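Visitor: The lines below spell out each chain.
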Amino acid sequence: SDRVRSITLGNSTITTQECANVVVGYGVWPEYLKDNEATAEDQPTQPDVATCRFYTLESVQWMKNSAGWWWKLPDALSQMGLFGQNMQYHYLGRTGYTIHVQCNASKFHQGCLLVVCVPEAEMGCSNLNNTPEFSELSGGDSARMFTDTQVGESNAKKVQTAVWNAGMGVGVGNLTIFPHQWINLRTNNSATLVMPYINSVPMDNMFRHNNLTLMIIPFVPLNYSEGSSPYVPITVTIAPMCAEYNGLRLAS
Amino acid sequence: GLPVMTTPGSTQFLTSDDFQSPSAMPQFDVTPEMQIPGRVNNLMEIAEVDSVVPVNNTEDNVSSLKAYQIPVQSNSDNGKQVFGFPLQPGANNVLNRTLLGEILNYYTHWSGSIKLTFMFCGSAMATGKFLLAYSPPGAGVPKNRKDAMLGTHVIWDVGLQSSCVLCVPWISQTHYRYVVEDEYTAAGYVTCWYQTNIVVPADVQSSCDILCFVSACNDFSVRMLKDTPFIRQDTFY
Amino acid sequence: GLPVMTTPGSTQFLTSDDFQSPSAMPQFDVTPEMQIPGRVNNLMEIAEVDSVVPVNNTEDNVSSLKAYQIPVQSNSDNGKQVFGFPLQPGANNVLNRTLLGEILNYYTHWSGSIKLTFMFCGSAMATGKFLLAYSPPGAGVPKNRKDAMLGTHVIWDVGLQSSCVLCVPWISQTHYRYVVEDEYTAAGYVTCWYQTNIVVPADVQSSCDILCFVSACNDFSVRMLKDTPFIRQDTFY
Amino acid sequence: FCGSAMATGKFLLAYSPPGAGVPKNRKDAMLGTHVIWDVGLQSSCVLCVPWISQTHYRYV
Amino acid sequence: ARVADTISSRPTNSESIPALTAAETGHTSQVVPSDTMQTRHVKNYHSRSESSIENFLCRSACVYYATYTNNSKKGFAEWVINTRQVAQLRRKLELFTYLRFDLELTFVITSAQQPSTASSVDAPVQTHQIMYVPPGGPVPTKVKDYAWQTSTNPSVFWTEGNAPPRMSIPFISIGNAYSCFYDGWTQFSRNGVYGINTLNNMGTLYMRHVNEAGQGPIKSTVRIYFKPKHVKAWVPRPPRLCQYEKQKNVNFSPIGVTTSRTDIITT
Amino acid sequence: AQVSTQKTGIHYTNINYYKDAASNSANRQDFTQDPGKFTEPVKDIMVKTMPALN
Amino acid sequence: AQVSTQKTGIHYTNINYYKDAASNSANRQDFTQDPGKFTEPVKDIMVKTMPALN
Amino acid sequence: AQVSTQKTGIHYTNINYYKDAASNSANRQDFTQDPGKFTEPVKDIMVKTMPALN
Ligand SMILES: CCCCCCCCCCCCCCCC(=O)O
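Sequence order for the protein chains is A, E, S, P, C, H, D and W.
Using full-length UniProt numbering, read the first sequence as starting at 79 and increasing by one per residue.
Using full-length UniProt numbering, read the second sequence as starting at 333 and increasing by one per residue.
Using full-length UniProt numbering, read the third sequence as starting at 333 and increasing by one per residue.
Using full-length UniProt numbering, read the fourth sequence as starting at 452 and increasing by one per residue.
Using full-length UniProt numbering, read the fifth sequence as starting at 12 and increasing by one per residue.
Quick note, the sixth sequence lines up with residues 3 to 11, 25 to 69 if you use full-length UniProt numbering.
Quick note, the seventh sequence lines up with residues 3 to 11, 25 to 69 if you use full-length UniProt numbering.
Quick note, the eighth sequence lines up with residues 3 to 11, 25 to 69 if you use full-length UniProt numbering.
One chain only, chain A, in its complex shape:
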């Protein structure tokens, strides 16, 4: 039976009784930096049980007229435990991730979700001259949501959040070129993606650069009949993997 997993990281454990396979990045598992690729020449810090564990974000409600949600990935964990405290005292850092999206409903509900992970998901603005400001591009472990309409040009600094363009000007059906899974309420209950470190430099600052984006888009909308449960949540759980830091300084 392929339907059961068990993931153990630190002092936390996930158990699943209804699951698909585990998608591993681009075939690569996360690992520490080697001596041939290093450029910063002082010794890095590896706490490795205090940071590499499962942190759970907030929950969102899947409604019937629901369009989608997104998260910027080294930003939702910026106030979570000892992971968000090492980011404030250090200048560099590199991390791999393990994402577990989970949503349960009965055999009398239907719907489908696409869970992708997009590296360098640069987004656009509703006014054609400006760029979006920081408060709309991300939130502290709170979802920013798409909408089925088009944001007008009368606003100045807001993200263009039409779902069929995916915020980036591309087709939403072609997002399956990135590592992804589906959640089908007929057969599935969760989705698990393992992502390595992807950048053009061996280390980077985690406060000026978001290098991953997790999107959850309902392709088939949620439907049920009269009498069934109307409230269906979605919960996301992220665990850092093989994290290390460089450049101690003041607290920023």
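Treat each hint with caution, since some may be false.
Computed cross-link-like contacts, BS3-like style, restricted to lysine-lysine with a CA-CA straight-line distance of at most 27 Å [unchecked claim]:
(1) 9/D - 34/W
(2) 150/A - 52/H
(3) 243/C - 34/W
(4) 150/A - 9/H
(5) 150/A - 257/C
(6) 236/A - 257/C
(7) 398/S - 478/S
(8) 243/C - 9/D
(9) 461/P - 142/A
(10) 478/S - 461/S
(11) 52/H - 243/C
(12) 9/D - 447/S
(13) 478/S - 447/S
(14) 58/H - 54/C
(15) 235/A - 257/C
(16) 236/A - 398/E
(17) 52/D - 461/S
(18) 398/S - 58/D
(19) 398/E - 478/E
(20) 185/A - 461/P
(21) 447/S - 52/D
(22) 9/H - 243/C
(23) 235/A - 54/C
(24) 461/P - 150/A
(25) 558/E - 85/C
(26) 9/H - 558/E
(27) 34/W - 103/C
(28) 243/C - 112/A
(29) 34/W - 558/E
(30) 558/E - 243/C
(31) 9/H - 34/W
(32) 150/A - 259/C
(33) 103/C - 58/H
(34) 112/A - 9/D
(35) 112/A - 52/H
(36) 259/C - 243/C
(37) 54/C - 9/H
(38) 461/E - 185/A
(39) 63/H - 112/A
(40) 478/P - 150/A
In case anyone wonders, no lab produced these hints; they're calculated from the structure.
Take the given structure of chain A and dock chains E, S, P, C, H, D and W with the ligand to it, following the hints.
Guide: Showing chains E, S, P, C, H, D and W with the ligand alone in chain A's frame:
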């Protein structure tokens, strides 16, 4: 003074030449290479990845997520058609904009098989059986399930495994086909019919949906690189 | 008559080419070579030599020898700052004109560590302890000795040996850095504070001075040679 | 889980060592030692409280 | 790079199910058409040689063109080097996230006669100079300037009526690859410039006439062509749907996913 | 002097003239394929004839 | 004909055509370092870990 | 380098410079004859000295 003689084709700029040229910055030390995940060596690795197909254009679903959903009901008769489109992976507006149909619009010739995957995104208590057919050209489009069963078909039974693959084989008189629309190199039609009904229990919604995917097999190839007609410009940005 | 064909790039004068040319004075006897002391083979041997740094610009000390002296007193409190400047070896006007900062203004990229040597030119009966810190970017400039001790520091005790070296390590996300001012490739700040006081006997002057030196380590390198912005011309001389 | 065979659910079973108070949110309780229980065909789950103490024994 | 060939097959009645799968795993099915029907043995001789990254990207494409006039005060041209002002090369390079290549540079220079007023206008052959200034150096402010001494900046000279000038450029970068997309700011306070403009620092290219304005004005035009060699590519990307609007950012106006038809059963 | 194989459906000669490796010609003959890192990026391998979920 | 090593981050061929040695190309590949004659021009050698004055 | 025979009524040298086989010169020296498929396309062979019909 060695005696030489210059041929036609001298002092010309052919934009696809293969020559050596002197470097403008001599003795430069480039940054050493790093192992970044996800290296692309061939463009055919991109085209062999599934992509959702918008079969439901219908004049007002294109600015919506409803273009990707195929409606499925419970009927009072038998043998109705679900969808149907001609197999033109670079000229027909259904398969035009997908991940396979964008690589083909950079080339002129194509050859190989095509996979079509269908997923049933309905309730876990609903059943059904479908017919996924392919008809080579020479006749028209099949108008019944009696005419569509004479071609190449598969019967899909919806159960615990929620997907099925209809693998369109390479049936052609030539070795390659044109990407642009051409009646000499047509490829045929792909249809879908009801085999039995969608039987549903009480307190379950009858209307379900089906998603569609498309990709390429491992014998697919392309030829004669050209420009794409999918971009414009008026002035410099 | 061998058949040849001429490519683009013919009859052009690229100023950094590498070709052979016929000699205008054939069969010339040059003067034999002599052993002159002090042969330079690489420009990095020039940049690895100490040079006095003008930390004391302050709007009227630039046309004087007072720009090189750092004032040091005996205080009535604790934890005061001596100096501070950002680490930009080719764009900041403190390290701009030194022996290291003039070779860097001929290039575009640089990489490696930087040495900073401090000498106490006071009386032989005066004491003191200092703190020499370095702070990577990401936060601002440290405003206390409590904030500056969290970075990379050394505590210098002034005794018989009158010099100390603070070796700024290479902490960067990339392999190279820009010589011109750039917020994407910033390098941080270098500060100095009082650890304890300058305690002096009677009939000795309290006010002392400190000199500063700068050089490069043995992993320093440069790239992408360009022109310097430190010279003008209007007409021929 | 002694419920009906058509009902689903996921829970969080946490343990918090002393030093701070009692966690008042799910955000505070996920920082300790937890397991996420998915209710399916297997109807039981075990949360094994480890021995975290400064001494070798404890008072009853 | 030959493709796989077809294997003959037989009628089956068994437990194995090649056609049934689960697309919920994020895993594309590996079925061949010799599993769903009866096939014959066919030896394929087709090759995938024309779709390589070395063959898809190694062609010359125009990136800019600028004009400058002889009889003009401060008549010369400048250009800050980027690959985002044209629509055809920008869509080809943005199928990937990270790229690493060498370069080949080619210039095409023309000239035109302006409506002068003198009689017996006859001009000699024109000579042009194209100068490259790396970031930080001194820039020209006029035509008769000291900055055209090109002591260490690389430049090129060319006389009209010959083969076009050409030179090579290595992989000049500070990182380990070029970046087509940057999701972040340049300040640590998260203000100001957001996007790919924080990574673009390549220099400026200057153009002028070396001759003097004899008796009639002359207006020239240069054209610049890029050709990537020795290409590596990572992390592919969906192609762009909407039309480009600006150069510095990725702002767009929303558009439909395809064009429409009149029914779902319309062939 | 390098002697290579000259793609058909016969050899040729190639000599390098410059001192820098950025001055050479294009590669054009490096045919290498690895489609499995995009099409099957899963942890446990999946046999085609077996069902996906047991 | 000289065959050299063609700086990278592969070989090339070089033949001389003229009778004078001032007609050749530039050297460009003579990497030699001696920084000690400028940085440590002292009489008695100084060990790094020992103090300078005893 | 190919050395061929240079049609007379003496040799020459030929080197290929490009990577594609469509860039070569013309063949011009492939002399092959098979006139029997047009002049005698019959089933049973016919001897010249014998009559055609017996
Ligand atoms: C006469 C000599 C001219 C020298 C011209 C050198 C031009 C440098 C080329 C830079 C390549 C730019 C590649 C794209 C940059 C990016 O995408 O971020």
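Visitor: All hints, please: hold or fail.
Guide: Structure-based check of each hint:
1. With a C-alpha separation of about 25 Å, the suggested pair residue 9/D and residue 34/W falls inside the 27 Å cut-off, and the hint holds.
2. Note on residue 150/A and residue 52/H: the hinted pairing holds, with a Cα-Cα distance of about 25 Å set against a maximum of 27 Å.
3. Among the hinted pairs, residue 243/C with residue 34/W is consistent with the structure: their alpha-carbon atoms are about 21 Å apart, no more than 27 Å.
4. Annotation: proposed proximity of residue 150/A to residue 9/H is violated, straight-line Cα distance about 48 Å (limit 27 Å).
5. A distance of roughly 25 Å separates the Cα atoms of residue 150/A and residue 257/C; the hinted pair therefore holds under the 27 Å criterion.
6. The suggested pairing of residue 236/A with residue 257/C holds, with an alpha-carbon distance near 17 Å, which does not exceed 27 Å.
7. With a CA separation close to 30 Å, the supplied pair residue 398/S and residue 478/S exceeds the 27 Å bound.
8. For the proposed pair residue 243/C and residue 9/D, the alpha carbon gap of about 20 Å is at most 27 Å, so the pair holds.
9. Distance restraint check for residue 461/P and residue 142/A: the Cα-Cα separation of roughly 22 Å lies within the 27 Å cut-off, and the hinted pair is therefore satisfied.
10. At roughly 16 Å between alpha-carbon atoms, residue 478/S and residue 461/S fall within 27 Å of each other, so this suggested pair holds.
11. Using a Cα cut-off of 27 Å, the hinted pair residue 52/H and residue 243/C holds, with the two alpha carbons roughly 16 Å apart.
12. Straight-line distance between C-alpha atoms of residue 9/D and residue 447/S comes to about 31 Å, which puts the hinted pair past the 27 Å bound.
13. Distance restraint check for residue 478/S and residue 447/S: the Cα-Cα separation of roughly 24 Å lies within the 27 Å cut-off, and the hinted pair is therefore satisfied.
14. For the suggested pair residue 58/H and residue 54/C, the alpha carbons sit about 34 Å apart, so the restraint of at most 27 Å is broken.
15. For the given pair, residue 235/A sits about 16 Å from residue 257/C by alpha-carbon distance, which is consistent with the 27 Å threshold.
16. About 25 Å separates the Cα atoms of residue 236/A and residue 398/E, which keeps this hinted pair within 27 Å; it holds.
17. Restraint check: the Cα-Cα separation between residue 52/D and residue 461/S comes to about 34 Å, which exceeds 27 Å; the hinted pair is violated.
18. Of the pairs offered as hints, the one joining residue 398/S and residue 58/D is violated, with about 33 Å between alpha carbons and a cut-off of 27 Å exceeded.
19. Proposed proximity of residue 398/E and residue 478/E is contradicted: the alpha carbons are some 30 Å apart, above 27 Å.
20. About 16 Å separates the Cα atoms of residue 185/A and residue 461/P, which keeps this hinted pair within 27 Å; it holds.
21. Of the supplied pair hints, the one linking residue 447/S and residue 52/D holds, its CA atoms being roughly 19 Å apart against a limit of 27 Å.
22. About 22 Å separates the Cα atoms of residue 9/H and residue 243/C, which keeps this hinted pair within 27 Å; it holds.
23. Annotation: proposed proximity of residue 235/A to residue 54/C is violated, straight-line Cα distance about 59 Å (limit 27 Å).
24. Restraint check for residue 461/P and residue 150/A: satisfied, since their Cα atoms lie roughly 25 Å apart, inside the 27 Å limit.
25. A threshold of 27 Å between alpha carbons decides the hint, and for residue 558/E with residue 85/C the separation of about 41 Å lies outside it, so the pair is violated.
26. The suggested pairing of residue 9/H with residue 558/E holds, with an alpha-carbon distance near 21 Å, which does not exceed 27 Å.
27. Between residue 34/W and residue 103/C the CA atoms are separated by roughly 25 Å; this keeps the pair inside 27 Å, and the hint holds.
28. Between residue 243/C and residue 112/A the alpha-carbon distance is near 22 Å, which keeps this suggested pair within the 27 Å criterion.
29. For the given pair, residue 34/W sits about 21 Å from residue 558/E by alpha-carbon distance, which is consistent with the 27 Å threshold.
30. For the given pair, residue 558/E sits about 21 Å from residue 243/C by alpha-carbon distance, which is consistent with the 27 Å threshold.
31. In summary, the hint linking residue 9/H to residue 34/W is supported, as the alpha carbons are separated by about 7 Å, within the 27 Å threshold.
32. For the given pair, residue 150/A sits about 22 Å from residue 259/C by alpha-carbon distance, which is consistent with the 27 Å threshold.
33. The suggested pairing of residue 103/C with residue 58/H is violated, with an alpha-carbon distance near 32 Å, which exceeds 27 Å.
34. Restraint check: the Cα-Cα separation between residue 112/A and residue 9/D comes to about 26 Å, which is no more than 27 Å; the hinted pair holds.
35. Straight-line distance between C-alpha atoms of residue 112/A and residue 52/H comes to about 22 Å, which keeps the hinted pair within the 27 Å bound.
36. With a CA separation close to 25 Å, the supplied pair residue 259/C and residue 243/C stays within the 27 Å bound.
37. For the suggested pair residue 54/C and residue 9/H, the alpha carbons sit about 20 Å apart, so the restraint of at most 27 Å is met.
38. In summary, the hint linking residue 461/E to residue 185/A is supported, as the alpha carbons are separated by about 19 Å, within the 27 Å threshold.
39. With a C-alpha separation of about 37 Å, the suggested pairing of residue 63/H with residue 112/A is violated against the 27 Å cut-off.
40. The suggested pairing of residue 478/P with residue 150/A holds, with an alpha-carbon distance near 19 Å, which does not exceed 27 Å.
Of the numbered hints given earlier, the model fails hints 4, 7, 12, 14, 17, 18, 19, 23, 25, 33 and 39; all others are met.
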